[PDB]
Amino acid sequence: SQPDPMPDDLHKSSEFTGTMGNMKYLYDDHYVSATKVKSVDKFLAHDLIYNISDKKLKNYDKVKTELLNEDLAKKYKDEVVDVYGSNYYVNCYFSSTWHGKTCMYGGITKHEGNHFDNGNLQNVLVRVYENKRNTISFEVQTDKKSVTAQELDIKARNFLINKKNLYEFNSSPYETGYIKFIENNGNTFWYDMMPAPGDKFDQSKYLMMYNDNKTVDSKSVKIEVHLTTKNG
Amino acid sequence: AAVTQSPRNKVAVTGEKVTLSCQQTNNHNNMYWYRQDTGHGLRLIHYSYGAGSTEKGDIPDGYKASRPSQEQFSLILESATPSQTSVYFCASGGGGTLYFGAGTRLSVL
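From first to last, the protein sequence lines are chains B and A.
Numbering (PDB author numbering) for the first sequence: 2 to 97, 102 to 237.
Start counting at 1 in the second sequence, then tack on 1, and there's your number in PDB author numbering.
A hint or two may mislead.
To be verified - Computed cross-link-like contacts, DSS-like style, restricted to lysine-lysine with a CA-CA straight-line distance of at most 27 Å:
id, chain 1, residue 1, chain 2, residue 2
1, B, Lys210, A, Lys18
2, B, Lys13, B, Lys43
3, A, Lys11, B, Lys169
Said to hold, decoys possible - Here are some, though not all, of the chain B residues that point toward chain A, as calculated from beta-carbon distances under 8 Å:
id, residue
4, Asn23
5, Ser54
6, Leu58
Quick caveat, the hints were computed from the structure, so don't treat them as lab data.
Using N, Cα and C, we set each Cβ at its ideal position, and we do this for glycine too.
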């Protein structure tokens with residue numbers, strides 16, 4: 002249960018002098034999705050590779066997902082799962102020519118049992134606080150009883166890139182940003198929505214936070230996005 | 002045809018969103034967008050190390066960029082301006098070596 006953070010905990014986008022379009026890239030209608038798949042191959046101990054061919058463009062036919070530790074990957078190696086996460090190409094390596106390949110972290114959920122019976126999707130409410138006043142709420146939707154934090158994180162930020170220009174090419178409207186999950190069991194964790202200071206953004210590393218393949222009971226988990234501004 | 006620029010001639014209006022595509026056939030990781038001006042040799046506006054990546058070069062103001070795929074890297078003028086009226090070159094890079102395209106002249110009325 003990581004405790005709500007304070008200013009000297011959080012990233013300031015004004016401390017970022019690189020291209021925020023590189024942050025944006027990862028949450029603007031950008032995600033590897035696949036329904037019912039089994040590992041086909043493997044690179045390091047802690048990874049799993051799938052045949053998930055690029056939906057939109059033609060940028061990849063194989064997807065490597067890196068998990069937190071070996072046994073985590075074995076946990077899923079030979080399981081019929083569901084994939085969904087934010088993918089990256091710079092510094093994505095995996096010697097199995103012709104590349105046609107992408108990488109990501111965690112993002113793996115068991116297939117069978119984990120879907121809501123009929124049509125029906127579950128709606129998860131996201132409260133957004135901007136400088137404290139809760140100025141907008143919304144809902145993201147899924148189809149898995151047990152949905153990765155990743156997955157609802159990505160949808161949340163995608164909606165916000167659009168409805169609040171969470172991300173832009175050059176910068177962001179907000180100085181700080183973080184996204185808190187609070188579970189029924191009383192558990193809570195938050196992720197920094199902003200890139201570390203400096204004139205470079207490592208996409209590989211930022212996403213690595215999804216290593217844990219953390220999952221959350223969609224039906225009851227809550228979501229809080231807290232946004233801060235400075236100059237107004 | 003190692004680098005292809007399109008359109009090779011464009012005529013835009015002041016304050017109009019303008020996009021100049023670049024295709025490379027070698028699949029190099031890095032791509033660059035410059036603009037040629039007399040006495041200015043060739044200045045770098047934005048470059049990219051991969052699908053997804055995009056980085057400010059020396060004169061990135063007034064322009065955005067976009068790496069949809071390994072082949073396409075494009076430059077974008079959010080709101081074209083007379084000042085942005087120049088001739089534009091993109092390259093694809095292998096290492097210490099560049100491969101340029103035929104070039105693109107733009108007029109912003």
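- Message: For A:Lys11 and B:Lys169, compute the direct alpha-carbon distance and say whether it is at most 27 Å.
- Response: Violated. A:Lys11 to B:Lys169 sits at ~34 Å, over the 27 Å cutoff.
- Does the structure keep B:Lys13 and B:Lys43 at a Cα separation of 27 Å or less? violated, 37 Å
- Item | Hinted contact B:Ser54 with chain A - closest CB pair below 8 Å | violated, 14 Å
- Do the alpha carbons of B:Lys210 and A:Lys18 lie within 27 Å of each other, as the hint requires? violated, 33 Å
- Message: Tell me if the interface restraint on B:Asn23 is satisfied: Cβ within less than 8 Å of some Cβ in chain A.
- Response: Status holds, d = 6 Å.
- Message: Quick check on B:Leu58 please, does its C-beta sit within 8 Å of some C-beta on chain A?
- Response: B:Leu58 check passes; min Cβ-Cβ to chain A is 5 Å, inside 8 Å.
Hint compliance for this structure: hints 1, 2, 3 and 5 are not met, and every other hint is.
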